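Given only the sequences and the hints, what does the whole structure look like? Please build it.
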Amino acid sequence: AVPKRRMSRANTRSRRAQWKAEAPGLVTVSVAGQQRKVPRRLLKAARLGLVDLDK
Amino acid sequence: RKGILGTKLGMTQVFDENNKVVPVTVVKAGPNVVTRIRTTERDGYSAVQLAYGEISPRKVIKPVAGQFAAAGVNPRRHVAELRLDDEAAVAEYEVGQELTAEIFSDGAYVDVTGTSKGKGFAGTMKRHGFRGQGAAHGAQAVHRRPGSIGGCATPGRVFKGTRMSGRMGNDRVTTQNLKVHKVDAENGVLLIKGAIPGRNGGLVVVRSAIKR
Amino acid sequence: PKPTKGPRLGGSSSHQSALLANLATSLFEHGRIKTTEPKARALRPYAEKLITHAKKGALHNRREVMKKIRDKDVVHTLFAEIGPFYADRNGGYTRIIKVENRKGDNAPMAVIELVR
Amino acid sequence: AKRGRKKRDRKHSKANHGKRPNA
Amino acid sequence: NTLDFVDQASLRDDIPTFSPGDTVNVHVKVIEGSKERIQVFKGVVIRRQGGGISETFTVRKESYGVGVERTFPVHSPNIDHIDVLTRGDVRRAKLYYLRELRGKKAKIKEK
Amino acid sequence: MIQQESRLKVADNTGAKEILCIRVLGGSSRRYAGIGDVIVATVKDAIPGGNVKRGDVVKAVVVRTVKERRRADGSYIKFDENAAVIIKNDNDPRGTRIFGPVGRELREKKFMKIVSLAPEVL
RNA sequence: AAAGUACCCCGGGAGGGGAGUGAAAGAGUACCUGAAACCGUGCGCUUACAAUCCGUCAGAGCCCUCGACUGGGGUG
RNA sequence: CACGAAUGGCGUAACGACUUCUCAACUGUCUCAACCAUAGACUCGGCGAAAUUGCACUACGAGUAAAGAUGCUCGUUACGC
RNA sequence: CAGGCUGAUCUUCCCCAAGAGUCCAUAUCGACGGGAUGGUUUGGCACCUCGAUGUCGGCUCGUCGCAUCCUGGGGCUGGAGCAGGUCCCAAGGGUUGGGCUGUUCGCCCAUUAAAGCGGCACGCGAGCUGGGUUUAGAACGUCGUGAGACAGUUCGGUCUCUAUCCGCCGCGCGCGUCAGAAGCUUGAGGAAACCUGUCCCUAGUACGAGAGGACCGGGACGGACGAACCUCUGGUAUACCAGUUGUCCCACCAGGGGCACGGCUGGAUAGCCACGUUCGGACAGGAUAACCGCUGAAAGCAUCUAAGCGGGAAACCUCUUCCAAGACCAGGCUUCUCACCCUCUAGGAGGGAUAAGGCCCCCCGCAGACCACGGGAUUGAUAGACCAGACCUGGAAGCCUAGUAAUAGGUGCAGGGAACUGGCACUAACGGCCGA
Ligand SMILES: [Mg+2]
Ligand SMILES: [Mg+2]
Ligand SMILES: [Mg+2]
Ligand SMILES: [Mg+2]
Ligand SMILES: [Mg+2]
Ligand SMILES: [Mg+2]
Ligand SMILES: [Mg+2]
Ligand SMILES: [Mg+2]
Ligand SMILES: [Mg+2]
Ligand SMILES: [Mg+2]
Ligand SMILES: [Mg+2]
Ligand SMILES: [Mg+2]
Ligand SMILES: [Mg+2]
Ligand SMILES: [Mg+2]
Ligand SMILES: [Mg+2]
Ligand SMILES: [Mg+2]
Ligand SMILES: [Mg+2]
Ligand SMILES: [Mg+2]
Ligand SMILES: [Mg+2]
Ligand SMILES: [Mg+2]
Ligand SMILES: [Mg+2]
Ligand SMILES: [Mg+2]
Ligand SMILES: [Mg+2]
Ligand SMILES: [Mg+2]
Ligand SMILES: [Mg+2]
Ligand SMILES: [Mg+2]
Ligand SMILES: [Mg+2]
Ligand SMILES: [Mg+2]
Ligand SMILES: [Mg+2]
Ligand SMILES: [Mg+2]
Ligand SMILES: [Mg+2]
Ligand SMILES: [Mg+2]
Ligand SMILES: [Mg+2]
Ligand SMILES: [Mg+2]
Ligand SMILES: [Mg+2]
Ligand SMILES: [Mg+2]
Ligand SMILES: [Mg+2]
Ligand SMILES: [Mg+2]
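Chains as they are written, first to last, in PDB author numbering: chain 0, 2 to 56; chain D, 3 to 214; chain N, 2 to 117; chain a, 2 to 24; chain P, 2 to 112; chain K, 1 to 122.
Keep in mind that a hint or two might mislead.
Some chain D residues well away from chain P (every beta-carbon gap over 12 angstroms; in silico) [said to hold, decoys possible]:
1) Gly12
2) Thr14
3) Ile39
4) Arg44
5) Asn76
6) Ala137
7) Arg165
8) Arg169
9) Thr176
10) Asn202
11) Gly203
12) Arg209
Only some residues are given here: those of chain P computed to face chain K with a beta carbon under 8 angstroms [said to hold, decoys possible]:
13) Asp8
14) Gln9
15) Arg71
16) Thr72
17) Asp81
By construction, these hints were calculated from the structure, which means they are not laboratory data.
For every residue, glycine included, the Cβ atom is placed at its ideal position computed from N, Cα and C.
Rendered as structure tokens:
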């Protein structure tokens, strides 16, 4: 099964627009005289000190 | 034409008056409050809306809560209608009438509607009861496959309602007839003969059979 | 515990039982470990059902912990330290924390640790 | 057959004057 | 266990305690057009399937040079009474090796 | 579940010895005989002295089958033996006696002469 | 003509932004001029009940523009 | 129709991954399918091809036509991706 | 090879009746001759394709036509009855499994209510097989001086492709339905389904010389097919229990573990399943077919028709089950928010912040490709753990007694254990983006 036609300039774009990224949607943590912000799944680990925000 | 919402409580077996085994699907139709009575003047049909199952007040949505507040009723899990024939049958319901499973009377027949078990994208063999191709004598990679789906240059297309492959179950279905073995008044359970659609603990609408 | 519904992590049934043994025996040594989040969730009901054998003190239970784990320093300190510590607590000896995504594969990490 | 008959009865349309270019 | 609240009426307590391996002498009510009768089945108990009314047990006669194997519900109305006459120990839940054996080799040994 | 082809060793005497199933009667595309259901048969093994030859097409009723069936009150029977009895045009067996336990479903089917014969009904 | 960007900042580097050098980095060693296919960003007008060799002719509305106090563009 | 005697005729124990027919044993080959595991498929992160291509905002029916039409006629049908 | 035209030949009806049917052409056959339909056979023609339209039969999947094989409704009969014949109407459903052959076709076998005929590239190889045909090897008969040849036989002989577009089967995202939301619905328009047997009574009555033997209407039990479900029976089981072989390891003995197809073997709850157990095909009503009619003219009589009024079949409507307001005529019945603020070239404008609610995250499922759908989120039983049961396996470890030992018995319905059931917050369910 080979493509019979060259796909049009309109049709190639309209599919290609669906390929995106979403995310994160941050929340305001606090740590060590500073806020930063973080994803909500990591909100426990941020203040408890399993992750590092310098990276 | 009487009716009742309930749940599927799972199956057992119970022995007959004449010593046979009848397999019985246990449903518990709890105390249902009629909330709203649809009437032929305003709506253009006759129906009864039934409320079922205990829910916490804080879980209830404010649009939904105000409808139960209009009825004068504590809010419930599920709500649904019994469509009924003619105008005359809605004459004997009042909003806040709490009907129970005692009504059905031993040796009745029912419809017992309920949503089916989802089987989760089954193709061809499971879904439609096709035969596959042979397991041996040459057969290259076709052992459960649909085969042909159409003729040739005429018509030059597949017809609508061709039987292929897709998501199976969660259909509304119906059993039809299905004899009521025993109404238990205390506890609020009906022993109905044979299988009734759906998972254990799914919503189920038992009503008296139109064919009977 | 409950069997895995899906394909067995490791890519085999025999590898899964060896993997959960190596994850459990590491957890009771250090008291903390970091894995992929699916490996962390699979480890919880495995690890707690060794700690229940610990707190119930008998030779019978020393044999049945030794059917897994396979290490004498760990099965010692499982019964010496960890067992009589969680004699007080009824259940739930373990927690999970989220440690953000791994670099190469974007696999979501998780730390799994004793409650203390 | 049906297609053979019908083509040759397009001869009699009024615009054609009782002859139509068959083939 | 859900559906305990419906089982209670059908659960007979006339059944004596037996296990698989035991020779058990089951009398059965046969209703036919002529008259009600007490036929009696006589053999070794093969298995028990558990769980309230739904449990069954399977008895094996060996009659006239052929094996017959007959299951009953334990709490059947039709089962009349069960006489357990020889108790025997078999080291096994379910005795499906007796199907192949025939002969005197199928003899179970008493406790 | 006797099916097509297959091999039943006969309960009744008659010198048949063994028979192979041609057809299960009583419907189109009817797959399975068991106990009460009749079949068309063909004699394979046979005996030198008898009133049936080898390879002659005859009716037969099933009497024992190795698959189990429900009956009623959840009470199953199961034999070690797929067996049958060769019958006359209607119902009487041409074999004058019958060996082994027939099913008690036979009485319902009306083969009252077969259940009148034989060591027991079960 | 190397006068090939001393020095400062971002950065692990590459690469850049100031600063300089030059007539000109709109000549930075990826270096004269730098077309098209193709690849984006911003700004107008249009488009989610419509069967479109994708144009053509008639043409509503909208958005810019010139000139007196209506002529042209883009869209359709 | 149209075997035939060293382009040998007729046999022949033993041999044959040769061709042919039958038999017992056993079997998912089948009646009639069912379930489990692994490897792809599928989802997320990374890197990243290929044949092919006159165009595109590419329905269907009965027709017509270089005598089998996504594009022509007349209907019917179809929210965008 | 397939399509196109043609229709000699084939194929299905038809005109005229010489006749045969005791007599009587038309109950049923119908010569000779004549007229057409169909495109399904063998052909004629050479119009599309040779910078490729790839191949008979079978399998898988079908879809339409009626010139009906069965079931259903009728007229005539050289129709007593049973069972036929023949013609008209009717396409809803159903039209079996084997033997021989590559076969299609055909002959046979046992059944069946019946084993229908055709079209769709003699439907269907980017769906499958490769037995047939049709490459290269080789032998046999034949023709040829020979190389070799033969719709003459014979044995062997590579079946390529990751789906762009329409199409079809499922599932979301985005705007729309004149404010924004939520719950329950109406049914325009669709789809799936629609089969039929035996036997007992009515009745050995009608009918017939007897032999045979009913319509009409009752009742029981079926087969094939479809859909639900897992109580039973049955299968499966890759973190369940016990047995056991070989070999390495835990210092070693005892007791366990790794590996050998899950090493093999005996069972196995939940889940998914059929071989399992339940249920279905309706019962009515309406307008009709062929056909039977009533009242009646034109045409004093007659006539089912010209006006009018009826009976009448599994077809056609409605009834039964399922989807469904993207049904642009975008519906209905309710309930819930209902309110602010700024800027400007100030008007169906642009924001900002919200309310009723939604979504993301989080804890999961009997829902699941992903998404979605359904629950739960501390006022919490959603999942794990723990505690209890159910159920599955079958009598653990240690010590003790017996045995010279393999092993046996008592502590003990023991020990172990997943999905099913309740109880119990012990662990994990901790803050952002949309929205009048
Ligand atoms: Mg198969
Ligand atoms: Mg294969
Ligand atoms: Mg599993
Ligand atoms: Mg292994
Ligand atoms: Mg013609
Ligand atoms: Mg340059
Ligand atoms: Mg058009
Ligand atoms: Mg010579
Ligand atoms: Mg010679
Ligand atoms: Mg010669
Ligand atoms: Mg020779
Ligand atoms: Mg010879
Ligand atoms: Mg050799
Ligand atoms: Mg997947
Ligand atoms: Mg990828
Ligand atoms: Mg066309
Ligand atoms: Mg056009
Ligand atoms: Mg041709
Ligand atoms: Mg062509
Ligand atoms: Mg030509
Ligand atoms: Mg070409
Ligand atoms: Mg007709
Ligand atoms: Mg073909
Ligand atoms: Mg092929
Ligand atoms: Mg094809
Ligand atoms: Mg071949
Ligand atoms: Mg010669
Ligand atoms: Mg070969
Ligand atoms: Mg595609
Ligand atoms: Mg493919
Ligand atoms: Mg008589
Ligand atoms: Mg169960
Ligand atoms: Mg060693
Ligand atoms: Mg040892
Ligand atoms: Mg090893
Ligand atoms: Mg087994
Ligand atoms: Mg099971
Ligand atoms: Mg939710």
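Evaluated hints:
1. Distance check on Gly12 (chain D): its Cβ comes as close as 6 angstroms (rounded) to a Cβ of chain P, failing to clear the 12 angstroms threshold; non-interface status is violated.
2. Distance check on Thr14 (chain D): its Cβ comes as close as 5 angstroms (rounded) to a Cβ of chain P, failing to clear the 12 angstroms threshold; non-interface status is violated.
3. Distance check for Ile39 (chain D) against chain P: the nearest CB is about 34 angstroms away, which clears 12 angstroms, and the non-interface claim stands.
4. Remark: the non-interface label on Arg44 (chain D) is consistent with the geometry, its nearest Cβ contact in chain P lying 43 angstroms away (cut-off 12 angstroms).
5. At roughly 25 angstroms, the least C-beta separation between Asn76 (chain D) and chain P is larger than 12 angstroms, which holds for a residue marked as non-interface.
6. Every beta carbon of chain P lies more than 12 angstroms from that of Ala137 (chain D), the smallest distance being close to 29 angstroms; the non-interface claim holds.
7. Distance to chain P confirms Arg165 (chain D) as a non-interface residue, since its nearest Cβ pair spans about 38 angstroms, more than 12 angstroms.
8. Every Cβ of chain P is farther than 12 angstroms from the Cβ of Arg169 (chain D); the closest lies at roughly 30 angstroms, confirming the non-interface assignment.
9. Every C-beta of chain P lies more than 12 angstroms from that of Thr176 (chain D), the closest at about 24 angstroms, which supports listing it as non-interface.
10. Not every beta carbon of chain P lies more than 12 angstroms from that of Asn202 (chain D), the smallest distance being close to 8 angstroms; the non-interface claim is violated.
11. Distance check for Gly203 (chain D) against chain P: the nearest CB is about 10 angstroms away, which does not clear 12 angstroms, and the non-interface claim fails.
12. A cut-off of 12 angstroms between C-beta atoms confirms that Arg209 (chain D) is not in contact with chain P; the least separation is 23 angstroms.
13. A distance limit of 8 angstroms between C-beta atoms decides the matter here; for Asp8 (chain P) the minimum to chain K is near 15 angstroms, and the interface restraint is violated.
14. With a cut of 8 angstroms, the hint placing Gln9 (chain P) at the interface with chain K is violated, because the nearest CB-to-CB distance is about 19 angstroms.
15. Proximity of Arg71 (chain P) to chain K holds as hinted, the smallest CB-CB distance being about 5 angstroms (cut-off 8 angstroms).
16. Interface hint status for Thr72 (chain P): upheld, as the beta-carbon distance to the closest one in chain K is roughly 4 angstroms, under 8 angstroms.
17. Given hint, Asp81 (chain P) at the interface with chain K, is violated; its Cβ is 12 angstroms from that chain's nearest Cβ, farther than 8 angstroms.
Hint check: violations occur at hints 1, 2, 10, 11, 13, 14, 17; the rest are consistent with the structure.
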